[PDB]
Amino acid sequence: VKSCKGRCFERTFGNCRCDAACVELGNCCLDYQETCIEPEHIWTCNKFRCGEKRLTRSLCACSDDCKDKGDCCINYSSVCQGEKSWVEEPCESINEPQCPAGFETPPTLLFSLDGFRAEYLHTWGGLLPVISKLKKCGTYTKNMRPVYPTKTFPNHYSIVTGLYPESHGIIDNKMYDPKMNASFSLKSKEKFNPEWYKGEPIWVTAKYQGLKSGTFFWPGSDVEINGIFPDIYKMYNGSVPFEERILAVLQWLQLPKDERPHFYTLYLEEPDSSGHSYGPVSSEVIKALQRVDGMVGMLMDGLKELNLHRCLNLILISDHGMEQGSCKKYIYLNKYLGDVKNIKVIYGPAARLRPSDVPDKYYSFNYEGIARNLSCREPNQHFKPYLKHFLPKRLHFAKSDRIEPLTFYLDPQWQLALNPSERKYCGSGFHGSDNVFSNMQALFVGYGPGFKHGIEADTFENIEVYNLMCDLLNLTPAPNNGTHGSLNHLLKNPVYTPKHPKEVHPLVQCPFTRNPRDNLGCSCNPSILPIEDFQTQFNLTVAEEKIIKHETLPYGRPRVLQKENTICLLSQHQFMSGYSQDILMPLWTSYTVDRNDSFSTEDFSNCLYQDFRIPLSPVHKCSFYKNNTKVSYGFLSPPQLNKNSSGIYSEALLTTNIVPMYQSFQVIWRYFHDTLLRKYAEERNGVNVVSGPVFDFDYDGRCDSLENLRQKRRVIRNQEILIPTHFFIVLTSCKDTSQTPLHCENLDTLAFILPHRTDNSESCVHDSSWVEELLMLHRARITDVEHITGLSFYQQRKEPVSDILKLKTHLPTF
């Protein structure tokens, strides 16, 4: 016979050898390698191995006795008995789980493919049959938004805590904490120091509530967090073959019920490693993608053999995407600063700057000096210096002391360093950029009894996944930055029903009080028809008010969730508002721009009308602002918008509809209300607008207390004034343009948190087309606005709460 089957390593008579010497003599049987050697180095059966005489040094068996001795290769039944593999079976729905005793609550496995950009599945899906089937049979989104910076430790730790890096403390793999005077490195023993890891990873949450955990690698799983390790964890060793990681998890799923985990993790270094080395569009990445596709297949086949393929909930995920770097698209700061030796620059697309003399000069150092030094130096400059607190609030990258006070925002494909010596190869693949860039977006597929089948969900953020995993494991989540219930649409049977938050103190009233018509110091433009009988013009019939309320608060009035705060509803013909006596300012106005409404070019500067519903105050007078070089004022509900006349809406000039405003910000505000709002109103057939001030002096993304606000007032012309840190805008139309904002089945929303700064250095003015770009950069989720104002919107919409949460957590795209 001319085959080695049955005779591996036996000396033979029959002119065809099966011993190691044959190779040198070139007289091996044609199947010698496949039959006798390959089995020492592979985890697969194949037509050469089916019914093999058992070899002692094989990793797994394809011998006839393999099912009895329980060590068949995972693909044994597919290849050697002609059964179908998991990927070959058509989708079938999992309406009831089929689990062994112990899994009354089914297990969840969090499977991470490092650096798997969402685009890889968009484009190479036809080369990835297993992940493609998981998508087809499961719950998929085209894009999961990672956290900023779009790096590995921060995103993995974010996924298992539901926290932004600014709150969980792992902002990068290399950090300096000044209050600890220590440095974090993965090569150091500081990696194991629990001082670094804030929040509560899901394996900790689980342990407190009775469930055990098995992590085969994950950031934090090798650290004693709140005094807890996972019940099973592995010391990181990237050289462990992917197959052995998957086989280990399959061994864990066969432990007896008393010691068998409910929560599992699996981490693979591909395709991040190949992406860095060869670029995201490369033969090496295609091969890496096909390899990880096969490892997912190996898991699914393994689960089928254990009859757990209709039991386990699989979350297939990645931390971040991958971009093509270029030596032509790297910025070196030494060009503008020279070979200075006193600063450390964290290089890459998420570049940060710090003094070398730490912790001594960390707070005293002249950040603003370098910030101004590096601003608007070139035309079409590809980087932008920001003091952390001036970065867009959507990035939630400021609160932590481990975030260097000076950061850089870089354009897509662009990185930054001090000089070419202090960086790795410029032409490599890279990640770290803004978390809304296409190529940074991440993988998400959910498959199992808990998840819906054949569903394509809209973009959601990875900070939402912790709550989802808690629901899948019947866990009460630790407090986190996800909006519990926003991902209920992914689940067959949601376990948490969200409720709209309750107003703590009921709305105070601001009654009309007869008082003297005073001089406010105004040189009003003649065209404006004043309010000559206030009490006449503002004594409204219930019918008249119902009409006004229906037109201006179609979604309900914003509700205040702040504890010690007293607001009152002020009514007008074209807008409503919530006024704060404590801060002498409205917290919010609400109005509606209709398609065919008039915007006036008529000047309305130095013109205010007194509101008799509140006490007159110095800071409500035109005179307080007349030739004032510290602060000016602006209107929330815009006087340029008339429904009745073609002139100026006089009621909009009330003292109660003004906010402190820097003259530089007036350009942005004036351009928005004169030009943009008109274009938006036409494009969307009407726009409901809610605008207001924001006080975030703590730069923690949260509305500050009344108590803390008292101490942040500035003294200008011997008066106490509170100057907003930001202004928020929330635009609301219908998805269907045919209908107007008052009659929408489905809301289309767009929100901004615009920074309130004394100059427009951020936009490098040198055509106001830059105002559009600044609005886009400072876009926010309605949830972001809610958190930073203490307000809660759309509480009167007839939609279920979970659907409203989905809408509020949405970030807009352009």
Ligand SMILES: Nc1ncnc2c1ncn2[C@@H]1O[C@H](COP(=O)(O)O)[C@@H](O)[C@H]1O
Contents of the next structure:
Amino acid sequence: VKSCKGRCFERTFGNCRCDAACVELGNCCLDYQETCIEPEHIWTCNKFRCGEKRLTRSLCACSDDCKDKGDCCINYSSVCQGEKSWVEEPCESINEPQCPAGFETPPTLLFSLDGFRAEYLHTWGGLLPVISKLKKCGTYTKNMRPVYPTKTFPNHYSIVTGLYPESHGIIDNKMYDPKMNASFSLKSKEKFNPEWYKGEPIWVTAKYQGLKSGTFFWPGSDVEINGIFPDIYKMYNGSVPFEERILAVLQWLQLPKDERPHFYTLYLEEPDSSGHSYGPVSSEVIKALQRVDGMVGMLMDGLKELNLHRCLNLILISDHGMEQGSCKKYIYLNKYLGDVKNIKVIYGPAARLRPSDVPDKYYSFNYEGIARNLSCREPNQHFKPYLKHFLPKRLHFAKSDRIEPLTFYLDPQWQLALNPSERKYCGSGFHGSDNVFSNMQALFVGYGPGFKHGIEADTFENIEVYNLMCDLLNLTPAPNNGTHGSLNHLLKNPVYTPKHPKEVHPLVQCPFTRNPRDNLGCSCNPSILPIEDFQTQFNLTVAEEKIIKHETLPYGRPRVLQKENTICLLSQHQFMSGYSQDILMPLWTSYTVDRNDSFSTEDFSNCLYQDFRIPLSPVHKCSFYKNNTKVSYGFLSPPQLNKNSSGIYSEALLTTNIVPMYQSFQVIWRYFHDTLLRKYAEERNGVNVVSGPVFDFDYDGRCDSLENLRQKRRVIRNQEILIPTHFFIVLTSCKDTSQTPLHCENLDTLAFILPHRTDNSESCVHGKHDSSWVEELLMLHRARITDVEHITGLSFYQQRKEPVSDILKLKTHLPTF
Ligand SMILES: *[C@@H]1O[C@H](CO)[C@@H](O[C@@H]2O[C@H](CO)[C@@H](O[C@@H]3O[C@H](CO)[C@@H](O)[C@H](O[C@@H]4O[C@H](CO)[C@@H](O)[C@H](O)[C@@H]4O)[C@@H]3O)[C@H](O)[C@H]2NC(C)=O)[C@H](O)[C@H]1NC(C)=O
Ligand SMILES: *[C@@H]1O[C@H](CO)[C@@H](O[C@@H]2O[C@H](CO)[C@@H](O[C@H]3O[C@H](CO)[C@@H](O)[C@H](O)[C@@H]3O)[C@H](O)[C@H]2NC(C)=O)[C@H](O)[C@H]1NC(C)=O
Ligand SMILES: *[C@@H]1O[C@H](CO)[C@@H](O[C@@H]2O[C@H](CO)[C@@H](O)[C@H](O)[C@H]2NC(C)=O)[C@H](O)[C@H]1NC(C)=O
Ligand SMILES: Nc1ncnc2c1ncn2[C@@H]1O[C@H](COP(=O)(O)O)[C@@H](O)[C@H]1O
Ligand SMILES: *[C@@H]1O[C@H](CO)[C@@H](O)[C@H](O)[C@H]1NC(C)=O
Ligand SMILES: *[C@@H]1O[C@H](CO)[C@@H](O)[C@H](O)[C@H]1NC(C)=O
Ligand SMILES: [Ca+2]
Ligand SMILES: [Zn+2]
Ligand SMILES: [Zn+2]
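I have the form deposited without the named molecule already, so could you send the form deposited with the named molecule bound?
What follows is the whole complex; the chain from before opens it.
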């Protein structure tokens, strides 16, 4: 008589009413809305609905018969039968999967929360019980590094291909292809054009090996790729309520095994939408985070009802983070260029520049002109013009023709446009910045039989996730940019045991050859003690060599994976080296700086000693470089470093330990060896160093073939010389600074791929002290050892006792400061 329970929309005599007219008259029963109306709009049971008379318009049922009829609201058992929800149950280990027939290989679900920055879980974990439980019971990283630019289409397509955008072709949400003379957009018909999508998404991989896929939204999933769609897919439609997406995937998981997928995707636009609209630190983002937490909880409750909660492998992930934009942190190019109408500038933190007149002027246009015009225009400038091949190699953001030849590197929180007309609200949340910025870092939680329980893994890259999902599905991965085995530490039962790559040809010998002491044209400093009997000083006892090998190659020598290539080992007292007869240069030197080693300030310019182990060449002589304006030279193993004396190490002045080097780069190289190497050596109680040249004229992040290198030699004083595109350095010490680099239980690594440029315009060296800018340039151009391996054709640490997967983990690491 006081409640609507059982009488919704029936006439009453006794006081309060349960019909639509009651509202206007204000004589509704107290529970009229909750009992009669709410159920048309909600997917939950509550204490008002338990044992309800079944309503015809209700989205799901809480009636006594709802299980007979199999349309109970997902939370029915928890609310109406007092059972525990998934989140309420304590963690329990899933050592054996409990799966129905058809799931002998368990299913994998890839669940994306767009724009869920890693920081959101660090700070608001207390407000997000479900995701917090997946973290506690599963495999978590505090930070998953996205791909550059940190945008939705590039990152989502990278996750399912294991490819850098430069290789998969989806370089941003908006692109121009000059070869197609077409523009790509998410709201355009070109989004459905297969020509844009390269590589092999995991649903295609799965199809070729006989597993079906069900995608509820994913970039590429509504496109015919290699002639294939997922077995079940949805045309993208952001209006579909989150609950309906989750319920559809739960329907797919109940299909008979002949049509039921193994690979699933789920995608929600939150908290990206609220992040843009209200900023990453806002009431609206907190509410959106709790909403997506609830949607994850709805999936886990759904899986529990189906007895799939100890079967399905869940990967909860995001594409990128989110940053607070400011109208005071927006650069307008019209300030420097004027209101020119010949250029089109892609706005935001990943800003790119292209001529208006395309495809005609796309390659012919004067990019270098605008690049120089916009360089070092103000002190502490918050943007930097880069030709795409000069961007840090760690971004792997040049190979594709869809990447505009001129790009901008923006500082954290800063964006760039042509003018204030050609951009959205400057005060909105944004993303797209450098993939190592804290606020761009993404979510990763793995939960299920395949994943370890209660593990916090070190930072890894989203490009590694394709190989991981292939392992979870027992698939052979397509070729991709992931290091297969680098994420084996996330898995209960790794299926792939990686092996060190095998060296193709074993090292050729460089024997001493009796020859005359030729004139190199050197004016050596008198302090330097020359090599008086070469054959005597380089005839080493097997005993003496064992000592040197142990001190200079504690991890084994770099191995060469290049096919048509002829390298020879050169032994010296302080360093070893791999010398290329083919390019008249070492591919690598290896030495070790000890804590109490001496660095000389003594001059050693225009001083070289002949190495009688290789034929003398004009480019190995001081005379070739004397007042040469076009190129100078540098040493891989530093002459400044003496281990037996306090003067200069003479053996480092050999012609075999020199590389072509621009005068401008010598500033960087001299600062590293004089100052930094000293500081690093003291700080880390010793540091093994491997340095060498890099030849990437193709700007594809791979060592160029010998064939291709023959056509890239320059002619200088009537000699053919090969000038490196970059120089690599790999520093190795021990995690425990009590031990020295020769006796590490665990390696601490730091690697660089330094651009080899004719000026220092990148660093804006004018009214700044030398010290500051060199360290900054090194940090910006740091790299994974794997990045070095790809671009040099070398393979390091092959003699370490650790299993290969732990070395792959080490090689894929990028430092964060
Ligand atoms: C990320 O991982 C990517 C996937 O492996 C990888 O990209 C591959 O790069 C290689 C070389 O850059 C491509 O392989 C071939 O290269 C040879 C050498 O020129 C070509 O002969 C061959 O082209 C072919 O021959 C015809 C010429 O067009 C053509 O009609 C044929 O169909 C065929 O294409 C290839 O170009 C390979 O295609 C790339 N794969 C993809 C999917 O991009 C990246 O190197 C790697 N990135 C890094 C930084 O390591
Ligand atoms: C994109 O998804 C939207 C939300 O899921 C969807 O909107 C909805 O469209 C349905 C069409 O079935 C409307 O529902 C109507 O259907 C019944 C039975 O056919 C009709 O008797 C009624 O008119 C009923 O309203 C919804 O009104 C509408 N929902 C919302 C929130 O707008 C779009 O249709 C989807 N777009 C595409 C491209 O398919
Ligand atoms: C490349 O695409 C542009 C853009 O569509 C083409 O330019 C247009 O030409 C059509 C007729 O061919 C005109 O009606 C449009 O007004 C033009 N659009 C613009 C914005 O200029 C161009 O013809 C295409 N092809 C090539 C190879 O240049
Ligand atoms: N598969 C898709 N196809 C088209 N647009 C999409 C797709 N997935 C997401 N979007 C849109 O991309 C937006 C996110 O892009 P962003 O603002 O760069 O993070 C979402 O709010 C959607 O509007
Ligand atoms: C850069 O070029 C623009 C024309 O696009 C011109 O307005 C401006 O003076 C130039 N700035 C210089 C010379 O740095
Ligand atoms: C040539 O080099 C010498 C040192 O080798 C240097 O002192 C001098 O400045 C240079 N000459 C010219 C022409 O710049
Ligand atoms: Ca290359
Ligand atoms: Zn996104
Ligand atoms: Zn976004």
